[PDB]
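Residues per chain are reported as follows:
Number of protein chains: 2
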Amino acid sequence: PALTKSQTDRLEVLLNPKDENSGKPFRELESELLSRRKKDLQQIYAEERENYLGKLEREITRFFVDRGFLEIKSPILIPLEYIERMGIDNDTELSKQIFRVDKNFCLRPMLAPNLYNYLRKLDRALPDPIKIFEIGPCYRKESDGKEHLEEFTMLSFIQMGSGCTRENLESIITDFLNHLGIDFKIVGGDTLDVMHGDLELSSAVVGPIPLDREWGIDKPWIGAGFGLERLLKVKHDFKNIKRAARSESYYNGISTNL
Amino acid sequence: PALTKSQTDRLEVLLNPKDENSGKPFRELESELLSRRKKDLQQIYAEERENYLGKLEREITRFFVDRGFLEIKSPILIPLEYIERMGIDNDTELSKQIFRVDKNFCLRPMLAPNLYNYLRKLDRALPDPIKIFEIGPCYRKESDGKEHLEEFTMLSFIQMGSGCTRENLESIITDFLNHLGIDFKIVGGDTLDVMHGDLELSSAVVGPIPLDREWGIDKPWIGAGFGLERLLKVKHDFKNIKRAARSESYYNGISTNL
Ligand SMILES: Nc1ncnc2c1ncn2[C@@H]1O[C@H](COP(=O)(O)OP(=O)(O)OP(=O)(O)O)[C@@H](O)[C@H]1O
Ligand SMILES: Nc1ncnc2c1ncn2[C@@H]1O[C@H](COP(=O)(O)OP(=O)(O)OP(=O)(O)O)[C@@H](O)[C@H]1O
Ligand SMILES: N[C@@H](Cc1ccc(Br)s1)C(=O)O
Ligand SMILES: N[C@@H](Cc1ccc(Br)s1)C(=O)O
Ligand SMILES: [Mg+2]
Ligand SMILES: [Mg+2]
Ligand SMILES: [Mg+2]
Ligand SMILES: [Mg+2]
Numbered sequence: 188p189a190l191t192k193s194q195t196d197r198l199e200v201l202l203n204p205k206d207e211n212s213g214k215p216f217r218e219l220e221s222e223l224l225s226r227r228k229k230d231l232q233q234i235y236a237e238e239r240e241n242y243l244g245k246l247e248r249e250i251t252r253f254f255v256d257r258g259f260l261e262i263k264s265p266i267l268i269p270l271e272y273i274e275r276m277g278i279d280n281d282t283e284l285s286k287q288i289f290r291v292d293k294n295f296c297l298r299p300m301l302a303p304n305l306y307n308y309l310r311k312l313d314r315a316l317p318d319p320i321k322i323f324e325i326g327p328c329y330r331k332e333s334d335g336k337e338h339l340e341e342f343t344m345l346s347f348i349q350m351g352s353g354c355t356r357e358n359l360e361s362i363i364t365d366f367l368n369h370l371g372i373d374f375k376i377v378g385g386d387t388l389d390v391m392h393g394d395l396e397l398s399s400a401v402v403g404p405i406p407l408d409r410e411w412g413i414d415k416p417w418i419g420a421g422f423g424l425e426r427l428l429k430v431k432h433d434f435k436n437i438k439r440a441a442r443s444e445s446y447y448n449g450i451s452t453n454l
Numbered sequence: 188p189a190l191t192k193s194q195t196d197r198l199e200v201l202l203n204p205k206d207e211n212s213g214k215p216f217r218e219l220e221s222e223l224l225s226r227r228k229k230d231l232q233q234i235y236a237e238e239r240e241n242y243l244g245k246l247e248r249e250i251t252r253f254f255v256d257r258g259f260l261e262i263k264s265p266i267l268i269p270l271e272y273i274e275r276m277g278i279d280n281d282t283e284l285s286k287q288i289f290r291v292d293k294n295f296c297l298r299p300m301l302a303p304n305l306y307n308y309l310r311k312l313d314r315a316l317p318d319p320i321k322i323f324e325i326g327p328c329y330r331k332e333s334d335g336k337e338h339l340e341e342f343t344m345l346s347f348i349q350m351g352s353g354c355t356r357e358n359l360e361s362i363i364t365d366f367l368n369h370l371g372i373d374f375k376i377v378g385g386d387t388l389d390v391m392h393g394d395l396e397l398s399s400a401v402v403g404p405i406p407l408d409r410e411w412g413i414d415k416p417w418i419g420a421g422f423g424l425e426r427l428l429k430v431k432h433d434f435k436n437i438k439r440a441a442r443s444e445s446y447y448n449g450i451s452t453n454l
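Order-wise, the sequence lines are chains A and A'. A prime marks a further copy of an entry chain. Mapping of the first sequence onto PDB author numbering: residues 188 to 207, 211 to 378, 385 to 454, in sequence order. Mapping of the second sequence onto PDB author numbering: residues 188 to 207, 211 to 378, 385 to 454, in sequence order.
Don't take every hint at face value.
Which copy? The list can't say, so a pair holds if one copy fits it or any two copies do.
[To be verified] Calculated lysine-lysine pairs in the DSSO-like style (CA-CA distance at most 27 angstroms, straight line):
# : residue 1 : residue 2
1 : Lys293    : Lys336
2 : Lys331    : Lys286
3 : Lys415    : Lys228
4 : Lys435    : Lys311
5 : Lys293    : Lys331
6 : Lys331    : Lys438
No lab work stands behind these hints: they were computed from the structure.
So that you can see chain A by itself, here it is in the shape it has in the complex:
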């Protein structure tokens, strides 16, 4: 007869966006999809062997290195006071989203504090302007689950000093997303948002902002933070963001429970 809701959920797991009601029973539909998914994993294993999340990180890395940005690898486990100094006190939404570790540490919910410190230190060593970026894990306790992950990967890039303009910031964003092949629209110190439909890809800022002084920053700057899993979701037409996460349930958006 008709498919139960549980059967439909089971098939949805095995379903890729590329796949194409009938007089066909669950057993057959499931067996067909199981076959298709196994071949997909076999093809990856025979040919490229690269994880989508790792591969995107390498592509994004090459992009910013080529455009003059220095690659940063900063701590993921950061001091808890970095949170307070970011202006995240107990009345903010983010205050309740912090994964605390021990008494004095936590998991970074963003790349800003570490990059802030790098900007200050590199100013004493590097010529104007100063262009840096980081790609790495970030952690937020989230109530949602359709566009949100508690463990996700963020890309943040910053330029400091000369040429820190709204137009320049939009140009970098535009070149970047056109390079990846991801459609977007920008929605407008100056705080921007990069949208794909009703999905937020990025939040860009045109400094200076009054927060800079706490970190010893006294120059103009432009910056943006992207989520790699959201980028993957859009690029690969994944219906749920969990298909793009670090996961034991999905490899390259393919179910591992076959």
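Place chain A' with the ligands on chain A using the hints.
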């Protein structure tokens, strides 16, 4: 007069292994080193712009992808029961080294549990033998600090099924380290150790071991776990491992406090 211990520590920070007592005061020696380090950072920023830790990860990644290993990106924040199922009860050294998060989670001290699960799931989809690997952050509370980091990066590779022999395992290790240009010696189920002097680069294992059954593994296997920061330390002749870590104090083994 003579340099104080504090002055010597300060200069040691500014010192690279390549640099070469005299009638020279601290102010001058420090000013010289500050000059040399700034130029190093300027050279990186003008030329390559790549972080040593990220770059090594990409090189290691290319190595194993080319030799038939599938790239894994699994969760860093893992269920706490994975620790108990690894055979780490409250009488082991590792039990006291776990960074717990919330009631039911922790930071992975190793890549084994996630890779164990991937081995089981991929067996139902992939032809013999099954070759996978992962590179990512790992966390252990450590009392030492000269060869140990609390936040470090691990490389683990595994082959399952055919050809899982001591000789084959040693061949992969040998090809790998000769590719990187890192001198070593192997010290001998079968548990191996890859040493650089008195520094442990890796611990390799030739399965099966009785632990496999808890993870639903019933085949022969070979595997090894490397620390990327230790690899960097040896390769770059860093005297302390903190020069190779995710850090706000060092970029590519160069002090950021100039
Ligand atoms: N929980 C999450 N899962 C996946 N990606 C995220 C998450 N939180 C933030 N991001 C990504 O990081 C980028 C920058 O972080 P930011 O603080 O700007 O987002 P946010 O407004 O908190 O996200 P949202 O409003 O969608 O929860 C976002 O554009 C988004 O792509
Ligand atoms: N705290 C740490 N800092 C840096 N690297 C580490 C650390 N712990 C383990 N590693 C690396 O991971 C590899 C595999 O982990 P393993 O559990 O085998 O090491 P270990 O015996 O606990 O290390 P050690 O005896 O030196 O503390 C090691 O060969 C080492 O290079
Ligand atoms: N919002 C992202 C990107 C950045 C904005 C400002 C700086 Br400084 S980094 C983040 O917090 O990482
Ligand atoms: N010791 C390292 C490498 C591995 C050994 C066995 C497996 Br399964 S992975 C680790 O625990 O990741
Ligand atoms: Mg949010
Ligand atoms: Mg935002
Ligand atoms: Mg140890
Ligand atoms: Mg060991």
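Do the hints match the structure? See the list:
1. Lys293 - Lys336: between (32 angstroms within a copy, 24 angstroms between copies)
2. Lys331 - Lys286: both (7 angstroms within a copy, 26 angstroms between copies)
3. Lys415 - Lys228: between (54 angstroms within a copy, 20 angstroms between copies)
4. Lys435 - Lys311: Between copies only: 23 angstroms across, 42 angstroms inside.
5. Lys293 - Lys331: both (18 angstroms within a copy, 14 angstroms between copies)
6. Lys331 - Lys438: Cα proximity of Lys331 and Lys438: one copy only (15 angstroms, versus 30 angstroms across).
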